[PDB]
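Taking the form deposited in one PDB entry, here's one chain by itself in structure tokens.
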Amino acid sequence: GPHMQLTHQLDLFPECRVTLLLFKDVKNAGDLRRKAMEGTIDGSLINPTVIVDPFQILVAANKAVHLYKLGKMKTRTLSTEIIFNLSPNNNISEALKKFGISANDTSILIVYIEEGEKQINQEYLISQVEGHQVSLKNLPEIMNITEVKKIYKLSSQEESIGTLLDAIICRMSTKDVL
């Protein structure tokens, strides 16, 4: 029944597992955003319309765990750090608005990380979303290429030598040294 989640171990942090859950037709995104701010929902609530591939999330999560174990995160929590890492810029407040969720949203990607005794009650989490969980194969129907290209300011030079994903990844992975 529930087997729609996508889970990967972090190669560099073998004890850590990243989980992705995707939902359509969400009716309570306002509640979910308030709950994330009150710490009563686990995970990063991410806007899936600007996520082109799970690899994008896994790169963001790898970096967030890394800084998090160093005590050198740019934001206040692991969940906000994953979201901030998706953005092409170092503006924290801008990243959390464009890549996080609003009450205006009806699709949501929840990302969370488990390690050791830090475990998420996945059934309880899914029960909090007033919406329909779907397999991540559905992500191309939700992602909006126009919106992605605007956020990341991808140009035609970039597109001439690889994929939009590769240009996005390159932006994400080097923005800390501008």
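Only residues modelled in both forms are compared. Numbering follows the first chain given and starts at 1. We call the rigid core the largest set of C-alpha positions that still match within 1.5 Å between the two forms. First, how it differs from the form deposited in another entry.
Superposing the two forms on their core leaves just one of 11, 15, 25, 159 with a Cα displacement of at least 2 Å between the two forms, namely 159. Once the two forms are aligned on their core, the segments of at least three consecutive shared residues with Cα displacements of 2 Å or more between the two forms fall at 155-163, 173-175.
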Contents of the next structure:
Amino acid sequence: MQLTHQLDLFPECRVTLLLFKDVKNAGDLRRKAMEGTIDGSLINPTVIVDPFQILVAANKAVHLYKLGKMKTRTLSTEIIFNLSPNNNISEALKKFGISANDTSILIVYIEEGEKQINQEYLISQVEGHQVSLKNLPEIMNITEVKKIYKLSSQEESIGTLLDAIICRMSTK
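Other form of same protein, the form deposited in another entry, not the form deposited in one PDB entry:
Below: the lone chain, stripped of partners and molecules.
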């Protein structure tokens, strides 16, 4: 059900994605994310075409973190911001973070060294139903994605799609 990925550039870093459906407490999760009583980055899964898009965002996040050149104040926000087409942080977090009105949530987190996330506890904090990440394509909304990244109606493979999105995430 979890998706786990060892960063090839930063081997000691592993990134985990967890997906939840039927979420009855998005309102509180958002507050916990905003007073930091919750691990990970809470990401609106409606606008994430493939976990691959999150892995690029996280890879860049870790990179600026290791350089000490994050554009945002923390690793968790930096992941979310990297998803955005543009330089507004306060708009980026609004659009790609969760809102109280989401019923589906994607959480993303990174571990290296001694710092290990209590996954079992994180899961228990979501009043929802954890689903496999293979479920993303039906929770995902292709019109929103295309709107947000200013993309062409002309349908394409997730691969072509991903390169267009990755490009809009690099140039902002």
